[PDB]
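Student: The chain contents come next:
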Amino acid sequence: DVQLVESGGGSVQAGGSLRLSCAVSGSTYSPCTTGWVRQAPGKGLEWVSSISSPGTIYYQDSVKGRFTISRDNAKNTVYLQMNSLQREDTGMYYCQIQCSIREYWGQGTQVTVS
Amino acid sequence: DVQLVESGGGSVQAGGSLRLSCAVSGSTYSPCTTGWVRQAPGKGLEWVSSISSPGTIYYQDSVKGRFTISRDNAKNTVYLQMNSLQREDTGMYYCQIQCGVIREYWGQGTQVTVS
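Taken in order, these protein sequences are the chains called A and B.
Quick note on numbering: the first sequence equals residues 1 to 99, 103 to 117 in the authors' numbering.
Quick note on numbering: the second sequence equals residues 1 to 101, 104 to 117 in the authors' numbering.
Quick caveat, the hints were computed from the structure, so don't treat them as lab data.
A few of these clues could be false.
[As the list claims (entries may be wrong)] What follows is a list of derived Cβ distance ranges for each label pair: (1) B/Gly-26 - A/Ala-23: 43 to 53 Å; (2) A/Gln-86 - B/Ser-17: 20 to 30 Å; (3) A/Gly-26 - B/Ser-7: 42 to 52 Å; (4) A/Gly-42 - B/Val-5: 12 to 22 Å; (5) B/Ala-14 - A/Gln-3: 24 to 34 Å; (6) B/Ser-7 - A/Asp-72: 34 to 44 Å; (7) B/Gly-8 - A/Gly-15: 27 to 37 Å; (8) B/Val-5 - A/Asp-61: 38 to 48 Å; (9) B/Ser-84 - A/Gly-26: 39 to 49 Å; (10) B/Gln-113 - A/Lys-64: 11 to 21 Å; (11) A/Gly-44 - B/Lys-43: 12 to 22 Å; (12) B/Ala-23 - A/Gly-10: 34 to 44 Å.
[Said to hold, decoys possible] Listed below are the simulated EDC-like cross-link pairs for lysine to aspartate or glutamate, each with C-alpha atoms no more than 20 Å apart in a straight line: (13) B/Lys-43 - A/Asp-61; (14) A/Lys-43 - B/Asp-1; (15) A/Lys-43 - A/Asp-61; (16) B/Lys-43 - B/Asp-72; (17) B/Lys-75 - B/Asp-1; (18) A/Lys-43 - B/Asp-61; (19) B/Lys-64 - A/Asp-1.
A virtual CB, placed ideally from N, CA and C, is assigned to each residue, including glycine.
Generate the whole structure from the sequences, applying the supplied hints.
Tutor: This is the structure:
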C-alpha cells in the first residue's frame with residue numbers, strides 16, 4: 001500500500017541549491033519518522049538527516065547548516081533543502097520512513116555536484 | 001563508534017541456501033532495531049527483515065516463509081537465514097541498526115549472487 005515518490009534531484013554547479021521531496025501515499029496508520037539516506041559512487045549508505053514523528057530534527061554533523069529538512073503533514077511530504085552543494089554531496093538520495104517496525108524506501112533521485 | 005561487520009555473502013545456485021551475519025560492535029545504547037536491506041537490480045533498495053529488541057520480528061511479505069532472522073545477544077550478532085534463494089534475491093545486502101527514542107548505521111554490505 002505505502003508508496004514513496006522522490007523528486008527534485010539533478011546536476012548542479014558546486015555551491016548551488018536543490019530541494020528534494022519525498023511524497024508519501026497509502027495507509028501509514030500512524031505518523032512516522034522520515035529520513036534521508038544517500039549513497040556516494042562506489043560507497044555505502046549514510047544517514048543524512050531525520051525528522052521524528054513528534055517533530056524532532058537531526059542532522060549528520062557533516063551537513064549541518066547546509067541541509068534543511070521540513071515536513072508538510074498535510075501533503076504527507078518530506079523535503080530536504082540542499083544549499084552549499086559540495087562534490088562530496090554527490091550520490092543517490094533515498095528517503096525512508098519508519099512507521103511493528105514497518106520500513107519503506109523510495110526509488111532514489113540522483114545528485115551530482117560539479 | 002558502532003562497527004557493524006557483516007559477512008556470509010557469496011554465490012549460490014538457485015534453490016540453495018545462505019546465512020548472513022551482522023556483527024554489532026561498539027553499541028553503548030539500549031536494544032536497537034537490527035534489520036537488513038537489500039539493493040537489487042530491477043527493484044532498487046528494499047527492507048528485508050528486522051528484529052526490534054523487545055523480540056518483535058518483521059518480514060517483507062515477499063520473503064515471509066523463506067527468510068528467518070535471529071539474534072544472539074551474547075555474541076551481539078544478528079543472523080538472516082535465506083532459503084530457496086531465487087534469482088530475484090540477487091543483490092547487495094546491508095544490515096543496519098537503529099538506536100533511538104533516530105540514529106541508524108549501515109555495514110559495508112555483502113554481495114549475494116543467485117545463479
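Student: Now, for every hint given, state plainly whether the structure supports it.
Tutor: Hints versus structure:
| no. | hint | verdict |
| --- | --- | --- |
| 1 | B/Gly-26 - A/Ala-23: 43 to 53 Å | 36 Å, violated |
| 2 | A/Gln-86 - B/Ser-17: 20 to 30 Å | 44 Å, violated |
| 3 | A/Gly-26 - B/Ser-7: 42 to 52 Å | 35 Å, violated |
| 4 | A/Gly-42 - B/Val-5: 12 to 22 Å | 19 Å, holds |
| 5 | B/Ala-14 - A/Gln-3: 24 to 34 Å | 30 Å, holds |
| 6 | B/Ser-7 - A/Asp-72: 34 to 44 Å | 42 Å, holds |
| 7 | B/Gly-8 - A/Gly-15: 27 to 37 Å | 43 Å, violated |
| 8 | B/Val-5 - A/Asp-61: 38 to 48 Å | 23 Å, violated |
| 9 | B/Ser-84 - A/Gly-26: 39 to 49 Å | 29 Å, violated |
| 10 | B/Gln-113 - A/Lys-64: 11 to 21 Å | 34 Å, violated |
| 11 | A/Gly-44 - B/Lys-43: 12 to 22 Å | 19 Å, holds |
| 12 | B/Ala-23 - A/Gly-10: 34 to 44 Å | 38 Å, holds |
| 13 | B/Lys-43 - A/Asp-61 | 31 Å, violated |
| 14 | A/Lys-43 - B/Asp-1 | 19 Å, holds |
| 15 | A/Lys-43 - A/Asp-61 | 19 Å, holds |
| 16 | B/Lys-43 - B/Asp-72 | 31 Å, violated |
| 17 | B/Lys-75 - B/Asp-1 | 18 Å, holds |
| 18 | A/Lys-43 - B/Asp-61 | 28 Å, violated |
| 19 | B/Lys-64 - A/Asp-1 | 17 Å, holds |
In this structure, the earlier hints numbered 1, 2, 3, 7, 8, 9, 10, 13, 16, 18 are contradicted, and the remaining ones agree with it.
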